[PDB]
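Next up: just one chain, as structure tokens, the form deposited in one PDB entry.
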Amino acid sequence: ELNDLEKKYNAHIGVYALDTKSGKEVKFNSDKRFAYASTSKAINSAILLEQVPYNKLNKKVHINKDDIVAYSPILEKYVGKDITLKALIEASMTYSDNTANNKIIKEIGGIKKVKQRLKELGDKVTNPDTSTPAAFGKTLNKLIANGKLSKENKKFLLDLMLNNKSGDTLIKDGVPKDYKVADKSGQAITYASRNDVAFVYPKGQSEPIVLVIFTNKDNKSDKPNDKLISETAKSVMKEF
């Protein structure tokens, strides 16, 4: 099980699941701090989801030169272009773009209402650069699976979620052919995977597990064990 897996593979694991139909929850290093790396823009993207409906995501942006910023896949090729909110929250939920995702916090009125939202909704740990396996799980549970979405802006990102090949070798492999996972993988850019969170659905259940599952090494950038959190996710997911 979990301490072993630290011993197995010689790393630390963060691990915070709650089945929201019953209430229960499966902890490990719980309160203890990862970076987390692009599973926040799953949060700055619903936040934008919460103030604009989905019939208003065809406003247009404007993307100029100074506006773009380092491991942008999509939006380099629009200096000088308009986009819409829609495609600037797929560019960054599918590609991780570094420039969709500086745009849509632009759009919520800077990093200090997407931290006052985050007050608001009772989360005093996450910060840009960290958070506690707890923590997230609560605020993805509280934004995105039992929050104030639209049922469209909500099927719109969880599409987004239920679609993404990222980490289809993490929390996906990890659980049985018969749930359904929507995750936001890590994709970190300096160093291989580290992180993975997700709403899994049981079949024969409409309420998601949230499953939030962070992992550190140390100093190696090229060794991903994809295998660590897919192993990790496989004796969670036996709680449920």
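The term rigid core refers to the maximal set of C-alpha atoms that superpose within 1.5 Å between the two forms. Residue numbers count along the first chain shown, from 1. What changes on going to the form deposited in another entry:
- In a rigid core superposition between the two forms, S193 is the single residue of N44, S38, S193, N29 whose Cα is displaced by 2 Å or more.
- With the core held fixed between the two forms, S221 has its Cα displaced by at least 2 Å.
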Given for the second form:
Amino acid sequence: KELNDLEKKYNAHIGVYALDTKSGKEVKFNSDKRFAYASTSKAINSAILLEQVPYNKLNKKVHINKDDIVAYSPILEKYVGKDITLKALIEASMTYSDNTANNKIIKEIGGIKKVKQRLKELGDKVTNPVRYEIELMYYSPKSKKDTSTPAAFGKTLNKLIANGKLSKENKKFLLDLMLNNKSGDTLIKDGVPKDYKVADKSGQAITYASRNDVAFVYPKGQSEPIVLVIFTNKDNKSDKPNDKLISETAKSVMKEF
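Given the form deposited in one PDB entry above, I would also like to look at the protein as it appears in the form deposited in another entry.
Shown below: the chain alone.
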């Protein structure tokens, strides 16, 4: 299609950044406008932890207590007073979008301060992590808190995971979680050809129909992925998103490759 046309059809704003890591070809559409990234950052936090903990050491346990629990933690809520491995923390965060798992992961890394320091090292001066879950979901068009642009997020995802310092084991581990989560089926996965493998992490903020999906797409025949970042939102605080918007956006963008 045409992205301008899909904005018109859905009455929404679209931010797209796609990079074929094989050729270096990019497709950009509103690639420098800020959007709340929400749960798509669970992918970033998980990758950052994996850079500092070898696969064989993922059995390390951390203690979970009452004070760690935040809203929507379908897995972690059963671990109050118990210990959980770092491996299961990552699985909870990526597969179930568990919010306590994500906050614990951020703490393991050293806090928001440390995540922000790592992004600067990667050269990402845009992604602005400020709050923990679930507060980071309170998006305001007038605040830069917990936002990034499709270009900056996409480049950070590429340098961290696609072309980064993760071991094979860890990289396969994270990518498997993304290939197998059912939460992204109505998104990028719904719009690309069946030929393609989509490893994604979706997100949704509480305000302005902020609905996102980021993924590593594997065309049939290519071993290097196409990093695809789709961020969308609407004009009213209480608007609900239509997942079809991202499905259609993904189909359209995939035509460029």
